[PDB]
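Omission of a single protein chain aside, the complex is shown with its protein chains in their original locations.
As written, the chain order gives the labels A, B and C, with residue 1 at the start of each chain.
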Amino acid sequence: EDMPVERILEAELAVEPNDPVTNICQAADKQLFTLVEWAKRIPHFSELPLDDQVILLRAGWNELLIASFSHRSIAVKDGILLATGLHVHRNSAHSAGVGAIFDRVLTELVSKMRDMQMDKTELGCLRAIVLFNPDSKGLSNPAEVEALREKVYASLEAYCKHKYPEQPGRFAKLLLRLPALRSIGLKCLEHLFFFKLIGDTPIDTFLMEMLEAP
Amino acid sequence: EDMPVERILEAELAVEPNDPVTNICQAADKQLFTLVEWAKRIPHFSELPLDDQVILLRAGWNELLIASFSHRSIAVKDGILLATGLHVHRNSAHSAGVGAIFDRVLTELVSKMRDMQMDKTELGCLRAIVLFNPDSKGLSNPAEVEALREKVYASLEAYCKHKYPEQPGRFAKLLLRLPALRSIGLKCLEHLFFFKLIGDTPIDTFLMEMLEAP
Amino acid sequence: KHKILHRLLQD
Partner (left out) sequence: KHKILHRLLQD
């Protein structure tokens, strides 16, 4: 009841016009600020209590950020395009020791988004569905968050079926990337925790704050 | 093109008519055999090359087994009903040291399946969609597996909309438990690997074989 | 806890 795909697309278009791992971390810290402004632009997000806004962003920042640069890298050959305006080629990631996860991002995400020509509007929604995760621990009123999530995927199914009539199974195909994203998101965090432990790899204040407890 | 929800329901009805953790492992080993017979009953699964049948079961056995006993525990108060015919109450799991994951299963899975009265047919399909994971490494023809997955969720959306007209968003609600399942599945395996390392907790041959490489 | 995040959200 008041979750138009138009406002969602606007949040998306408004936020985005030497050790590959270090460059990746610098970019993630950078994107963390933008993600806050993005969320604020998502209908009804700001009306939730500040504590739930914090929970939702702390719970999904990683998947949210992985979906973005994946879709951003759709035109790239074998690598992702970082927000810092830097490209990380498959081989670069391989010789830095993170080839496995990088390959999972190329195969399970970038490639699939490309094969189905996922559009910016569809992305925005998938990210909005991820933001509104009713399963986040701590939520003061999870049912409310579940309501928002339902309005989002209702508008998405509406956008689909109407924009891609020839494709009756497009709605599901889009939601079915969510298990992959969650999986790749958990693996990426593990790496982030290891890098922190190791002591190498500079980690900026906002990215560091995300690795705090809980 | 030939993936009737009826055959799926039949696979489901055909397979299922002191240390809580040890009892849980005994049950999992038990269910691993049944899961093989279940898969065989899923349309077109058996027509795939033996190597892809192995990959698919090794890749999803955990989520597949977690969905089953979760839905089986829908009527239980605060605990799950194991296939060995044994109940594991929330407190029992808590005093064994695995309360966190157990709580995530009760909240993110059992509870949700109960709130929406998910039926055996709907379960069968969600498990069939999980079985047919095109993202599994090693697949000789992933596109083929992707085809099967699309036929399954097409029949499911058909079953829904037709069996629950009043609920236009039921199809999505069902697929949206998949990210949770994948997440809880990864956490459960970590525990299984730790139990193995520790040396305590008896682990039977079939469950042990699942923890092999890759 | 979560200093930065809170500040960015209030603004």
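Points to keep in mind about this one:
Just so we're on the same page, a residue touches a chain if its C-beta (ideal position, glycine included) is under 8 Å from a C-beta of that chain, and two chains touch if they have at least 3 such contacts.
Considering the whole complex, the residue from B:21, B:24, B:25 or B:57 that touches the absent chain is B:57.
Contact with the chain that does not appear here is found for just one residue of B:36, B:154 or B:186, B:36. The chain not shown here touches chain B at positions 33, 36, 40, 50, 53-54, 57-58, 205-206, 209, 212-213.
Keep in mind that, in the parts below, only the chains that are shown with their structure count from here on.
Chain A and chain C have Cα centroids separated by 20 Å. With each centre defined as the average position of its C-alpha atoms, the distance from chain B to chain C rounds to 39 Å.
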